[PDB]
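A single chain comes next, written as structure tokens; it is the form solved without the named molecule.
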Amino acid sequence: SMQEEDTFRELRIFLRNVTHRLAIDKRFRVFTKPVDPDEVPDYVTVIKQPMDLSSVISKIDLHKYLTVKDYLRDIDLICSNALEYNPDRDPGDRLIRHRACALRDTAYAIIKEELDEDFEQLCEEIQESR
């Protein structure tokens, strides 16, 4: 229905704004771009399911997210991939991991304060109906 297409558009607008807020934060610059296979040839090796904020924006625009839960799964990937790829005690690794965790925490905190639970519940019920 028109009504359900309105709901999914509202969700895309919501997720675009949250993603843009994360992308413009100087802490999260490393996460805004896919990992360059020159720079890092072994990444696209052991990181099976790469994810970055430009990919998240492309997925919004292609209607791949029907719920905030699906979106947060991709945010969780950005964090768990950073944790997996950069596990060393060296400050370089520790800094990426802290920034990855901060990205994840910020996304969850924005959604906690700004997403209406009844809005998410509606998205979930339309998603399940298909």
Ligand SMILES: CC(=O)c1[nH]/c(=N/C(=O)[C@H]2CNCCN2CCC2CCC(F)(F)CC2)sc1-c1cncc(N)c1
Contents of the next structure:
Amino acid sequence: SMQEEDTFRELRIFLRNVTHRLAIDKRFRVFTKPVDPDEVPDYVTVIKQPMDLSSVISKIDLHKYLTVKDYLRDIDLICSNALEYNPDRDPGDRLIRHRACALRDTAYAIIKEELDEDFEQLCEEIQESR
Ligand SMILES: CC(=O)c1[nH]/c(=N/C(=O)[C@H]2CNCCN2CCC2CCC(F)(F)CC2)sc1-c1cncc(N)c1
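Form solved in complex with the named molecule, following the form solved without the named molecule:
What follows is the whole complex; the chain from before opens it.
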């Protein structure tokens, strides 16, 4: 309905604001754009389902997220991809893993503090009804 499309619009507005706050954080710059095959060639050998914050923005605008759970699944994918591609004790690996976990923890903390749980429930019930 009209009421339901207004609900999903507010969700998109909220998700755009969270994603922008993540994307401008210096720690998360490595997660802001897809991985250039020129710069690292073996990424596709390890990571079957790439994800990054620019792609999250595009998915928001394509109405791909109808719940915050759907969005958080892509945030979690960014993080688990980073952990999987950087398993070594190497300090470069450990640094990216630390930033990956910080990215995930920061997104969950913002949503826990700022997203009303009745709003997320409404989104879920609209989605369940389709
Ligand atoms: C998406 C992802 O997880 C990813 N992981 C990578 N891991 C590495 O490059 C590991 C490999 N082992 C040795 C150490 N090295 C890391 C060194 C050094 C750490 C600080 C730094 F700022 F991160 C820059 C890299 S590169 C990479 C990626 C690549 N091209 C574009 C994008 N957007 C992300």
